[PDB]
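Notes follow the structure.
One protein chain omitted, others in place.
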Amino acid sequence: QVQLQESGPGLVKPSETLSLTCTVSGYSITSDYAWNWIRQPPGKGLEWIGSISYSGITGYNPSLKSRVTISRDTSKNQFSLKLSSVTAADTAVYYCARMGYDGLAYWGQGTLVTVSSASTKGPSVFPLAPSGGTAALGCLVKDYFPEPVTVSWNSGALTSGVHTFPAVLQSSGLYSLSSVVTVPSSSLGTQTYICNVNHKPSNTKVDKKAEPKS
Amino acid sequence: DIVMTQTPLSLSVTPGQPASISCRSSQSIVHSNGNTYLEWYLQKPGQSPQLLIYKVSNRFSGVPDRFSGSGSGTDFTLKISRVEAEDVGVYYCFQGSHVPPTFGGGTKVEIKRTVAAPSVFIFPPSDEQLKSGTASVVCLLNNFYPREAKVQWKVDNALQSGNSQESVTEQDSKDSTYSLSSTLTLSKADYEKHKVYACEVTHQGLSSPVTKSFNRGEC
Partner (left out) sequence: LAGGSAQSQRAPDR
């Protein structure tokens, strides 16, 4: 299986150089195809940044050309992007993708890069404690920067009835999000409900039990 | 550069019915080798785009299916013949015939469906959070349609303004409902000053507004 995997999300200060890599597995970058970078700024559409071919030939968006560099590191089967002199306008989800005559058939998972002078800060995690029938419970993931955070329940064992909401930027300039799940009151029960919270930019993992208070 | 203009901007479609999206390009996207590198993607909530159609009309699946691409020169159409819950997201056209490759602005496709009134839950602040001098109160509106919903916070009969924030999930790819989360933020001092915390919800579901509440201190 051809798979593309971008490096991790996080902050870059304005005026500095955003740097990303894409690692390719199941296929050699020098066999064939062109190896693309594409971004999507918050709530906007998709912009092609540029690419490098299997043969090392680079092409750039003329609008971005003077700030962009793309290279290949064939020793790690990786290709890279640098974008210099950034500002808030360069905050976006950055994707790597493989292009052929027959489309961008394979994509990386997307990596959010936030351009800010603000500091990285890891989350705190609070329980949301649990008609007729069905109870609701959840975790509140508070006071973190930048995005993203990921949430799972019972280590990915529990996916039915889960809702993980878009984060909101609080008046502090730190994000807050909640994740909830509806479950049967009766399980409330014999069954432990635990939320798994991962904040990559700060390297934070926290597990919190969502227990019914006494 | 070639501008790719998609119409419409968004669509609501009843499951099992067809939809059609148009993509017009400011200049031809026929390449000098004769091919037209016109492609369609779907980007489902929170995911990477996924290729549907390439070279105008070739299905990514390789086999006959619900997606059909047509058109030529500057004028292209994606048809979805029987929309299903799972098809919901944003569709983009794309051209790779002339540098730089450019995408359309996207057409958001949603599933038109019948009213569902929200289930409402309220959550007090944890004792853990309180230790730290802030109190978050959370109100959850679950599994409702349409998206339009009004949430009001009341603290001891007073409507709260400018101290709450809310987020809505994307249309669920299975049941096609939304969910909504709202957070009231107070200082601990303000939270402990008051007694009755309520979120009041209004929605096309509800011939009467639903209030969920708790009194600070009852267990």
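Going by the order they are written in, the chains are A and B; count residues from 1 in each one.
FYI, a contact is a pair of C-beta atoms (placed from the backbone, for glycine too) under 8 Å apart; a residue touches a chain by one contact, two chains touch by 3 or more.
J.: Please identify which residue in B:96, B:118 or B:124 touches the non-displayed chain.
T.: Only one of B:96, B:118 or B:124 touches the chain omitted from view, namely B:96.
J.: One chain is left out of this view; which of A:40, A:51 or A:124 touches it in the full complex?
T.: That would be A:51, which touches the missing chain.
J.: On chain A, what residues meet the omitted chain?
T.: So the residues of chain A touching the unseen chain are 32-34, 48, 50-51, 53-55, 57-60, 99-101.
J.: Can you list where chain B touches the absent chain?
T.: Output for chain B: 31-33, 35, 37, 96-101.
The definition used in the following text is that only the chains that are shown with their structure count from here on.
J.: Applying the document's contact rule, which stretches of chain B touch chain A when the two form their complex?
T.: Residues of chain B touching chain A: 1, 35, 37, 39, 41, 48-51, 54-55, 58, 60, 92, 94, 96, 99-106, 119, 121, 123-129, 132, 136, 138, 140, 142, 165-169, 179-181, 183, 185, 219.
J.: With touch defined as at the start, can you tell me which chain A residues reach chain B in the complex?
T.: Answer in residue numbers: 45-48, 50, 59-63, 95, 99, 101-105, 107-110, 124, 126-129, 131, 134, 136, 138, 140, 142, 163-168, 170, 176-178, 180, 182, 213-214.
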